[PDB]
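S.K.: Here is how the chains run, residue by residue.
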Amino acid sequence: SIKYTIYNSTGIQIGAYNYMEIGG
Amino acid sequence: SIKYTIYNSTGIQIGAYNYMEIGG
Amino acid sequence: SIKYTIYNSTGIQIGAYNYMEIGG
Amino acid sequence: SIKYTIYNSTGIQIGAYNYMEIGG
Amino acid sequence: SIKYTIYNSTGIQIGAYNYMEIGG
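The listed protein sequences correspond, in order, to chains A, B, C, D and E.
For the record, in the first sequence the residue sitting at position 24 is 30 according to this note's numbering, with numbers rising by one throughout.
For the record, in the second sequence the residue sitting at position 1 is 7 according to this note's numbering, with numbers rising by one throughout.
For the record, in the third sequence the residue sitting at position 4 is 10 according to this note's numbering, with numbers rising by one throughout.
For the record, in the fourth sequence the residue sitting at position 23 is 29 according to this note's numbering, with numbers rising by one throughout.
For the record, in the fifth sequence the residue sitting at position 6 is 12 according to this note's numbering, with numbers rising by one throughout.
Think of the hints as simulated: they come from the structure by calculation, not from any bench.
The reader is advised that the hints may include incorrect statements.
If chains are identical, the list can't say which one is meant, so a pair holds when it fits in one copy or spans any two.
In silico SDA-like cross-links for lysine to any residue, where the CA-CA straight-line distance does not exceed 25 Å [said to hold, decoys possible]:
(1) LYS9 with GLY30
(2) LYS9 with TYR23
(3) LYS9 with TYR25
(4) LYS9 with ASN24
(5) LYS9 with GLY29
(6) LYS9 with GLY21
(7) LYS9 with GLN19
With the hints as extra help, turn the sequences into a complete structure.
M.R.: Put into structure tokens, the structure is as follows:
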């Protein structure tokens, strides 16, 4: 019974074995 | 019974082995 | 029983081995 | 039993080995 | 048993090895 809610965000990854790089 | 909800967002990836790069 | 819902978003990728670049 | 629903969005890619570039 | 539904959107690509560029 898990529920996710996202508002006004940037850079969402939903899955496995993903790669993300965030730069200033 | 997982549920995802996204509003007014940018850059959504749903899957595996994805790559994402975010720059300021 | 997974369900995804997206509203008023930009840049959605649904799949594997995708590449995404986000610039400010 | 996966279900995807998208409303009023821009730039949707559904598949593998896709490339996406988002600019401000 | 995957099902995709899209409403009132812009710029949909369904396939592999696609390229998409989004400008502000």
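S.K.: Indicate, hint by hint, whether the structure satisfies it.
M.R.: Hint check results:
1. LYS9 with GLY30: Answer is neither; intra-copy 30 Å and inter-copy 30 Å both fail.
2. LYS9 with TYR23: Result: close both inside a copy and across copies, 21 Å intra and 20 Å inter.
3. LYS9 with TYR25: Both, since 23 Å and 22 Å are each at most 25 Å.
4. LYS9 with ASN24: Both, since 21 Å and 20 Å are each at most 25 Å.
5. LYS9 with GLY29: Answer is neither: 29 Å inside a copy and 29 Å across each miss the 25 Å cutoff.
6. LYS9 with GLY21: Answer is both: 15 Å inside a copy and 13 Å across each meet the 25 Å cutoff.
7. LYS9 with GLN19: Both. Shortest intra-copy (16 Å) and inter-copy (15 Å) distances satisfy the 25 Å Cα cut-off.
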